[PDB]
Each structure stands twice: as C-alpha cells, then as structure tokens.
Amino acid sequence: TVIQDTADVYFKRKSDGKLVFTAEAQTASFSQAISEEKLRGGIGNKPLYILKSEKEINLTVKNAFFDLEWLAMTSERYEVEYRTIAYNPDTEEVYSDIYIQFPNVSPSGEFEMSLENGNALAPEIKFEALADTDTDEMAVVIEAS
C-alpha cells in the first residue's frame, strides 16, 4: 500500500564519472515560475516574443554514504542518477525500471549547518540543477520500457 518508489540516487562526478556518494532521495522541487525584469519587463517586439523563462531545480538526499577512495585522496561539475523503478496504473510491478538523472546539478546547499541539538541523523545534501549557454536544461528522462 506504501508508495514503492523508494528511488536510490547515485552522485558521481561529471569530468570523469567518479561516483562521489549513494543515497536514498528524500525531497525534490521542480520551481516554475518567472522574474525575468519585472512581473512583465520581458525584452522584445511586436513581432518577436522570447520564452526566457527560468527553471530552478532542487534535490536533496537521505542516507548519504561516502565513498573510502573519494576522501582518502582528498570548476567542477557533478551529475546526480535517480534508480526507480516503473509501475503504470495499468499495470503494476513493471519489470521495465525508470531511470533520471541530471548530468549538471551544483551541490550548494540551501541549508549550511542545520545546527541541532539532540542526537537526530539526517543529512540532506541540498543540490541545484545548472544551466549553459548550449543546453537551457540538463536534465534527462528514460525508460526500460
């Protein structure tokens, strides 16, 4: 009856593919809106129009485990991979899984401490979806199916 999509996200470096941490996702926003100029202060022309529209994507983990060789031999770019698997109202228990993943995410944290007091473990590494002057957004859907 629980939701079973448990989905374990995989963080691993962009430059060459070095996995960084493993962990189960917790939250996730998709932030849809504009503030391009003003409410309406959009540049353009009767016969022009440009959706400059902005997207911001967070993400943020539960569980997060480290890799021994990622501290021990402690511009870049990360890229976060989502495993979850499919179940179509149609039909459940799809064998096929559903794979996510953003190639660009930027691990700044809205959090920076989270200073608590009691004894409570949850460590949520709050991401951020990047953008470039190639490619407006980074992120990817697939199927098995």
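Throughout, rigid core stands for the largest set of C-alpha atoms superposing within 1.5 Å between the two forms. Positions refer to the first chain, counted from 1. Compared with the form deposited in another entry:
Only one of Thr84, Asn58, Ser106, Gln26 has its Cα shifted by 2 Å or more between the two forms after fitting on the core, and that residue is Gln26. Core-superposed comparison between the two forms: the CA of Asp97 stays below a 2 Å shift.
After superposition on the rigid core, the Cα of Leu68 moves by less than 2 Å between the two forms.
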Contents of the next structure:
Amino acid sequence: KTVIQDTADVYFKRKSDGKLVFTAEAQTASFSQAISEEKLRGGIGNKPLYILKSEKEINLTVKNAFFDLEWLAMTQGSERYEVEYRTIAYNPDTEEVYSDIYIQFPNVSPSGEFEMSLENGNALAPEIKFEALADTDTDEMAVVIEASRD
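Having displayed the form deposited in one PDB entry, please output the structure of the form deposited in another entry.
So it's only the chain below, everything else dropped.
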C-alpha cells in the first residue's frame, strides 16, 4: 500500500538566442518513439543496393502552467524551439542519487490541437505536444548525456 513516485524536468529554448521557457514538472510526459514502414519504390534498376528506408518520428508531451513572465508580456503588448530534458537515475543496489541524465533535441516544432474547449473549469493543465523535426543535413534529434562518473 506504499507507492513510490518520481519526477522530471523540462526546458524549452528558442534558437538564435537563449530565451528560456521551462516547466517545473512533466507529469504526463508521454515520450513515444515509433517505427513504421510500407512498400516503396518501383523496384526497377536491377539492384536496389540500399536498405535504409527509415521512418523515425518522435513525439513528446509536457504539463505545466509556467509560460515565463518577461517576454510573454512584451509580445502580448519560426526559429526552432529546441528542448533539453533533465532527470536523475539511481543505482538499484545502493538506491543513492549518483547519475544525472540529460536528453537533448536540437529542433522541435509545437503542434497543439486548438480544440481543448472543455465544459467545466479544469485544473488548468494546458498539455503541450511536441514533434521532433529534422533538416536534411545530418544528425539532429536524439542526443543523450550520461553522468555517474565515479
């Protein structure tokens, strides 16, 4: 009858400068990696000599009520939105905080459904959905930093 719960931490940041938008927590935090492929290409040209058809899409989700008070007001009155996750992991044998986990995305795009008009007064909770976006150059999306040097 005793249940142990954990937390996380989320940090947005727009590119070309260091404007910081962040959430204190990520309750839902539904990280969803998926892979799906279908039949493709005509098959002509004899050898295909290539098997790298890949469709990797990454979806995120955050929960908060903190939209930052410094520039939200100034804009109130398309340069990427790169995110940096941060969390902690512990060694099961010792149950001590020894590792810090950093997850980084260099390019994201906010895609929220503007149809959350509910019927009763809710607990705010403006859930925000994000999608990993990639250019055509190289690398991008998944980068993970691992602590626990000792």
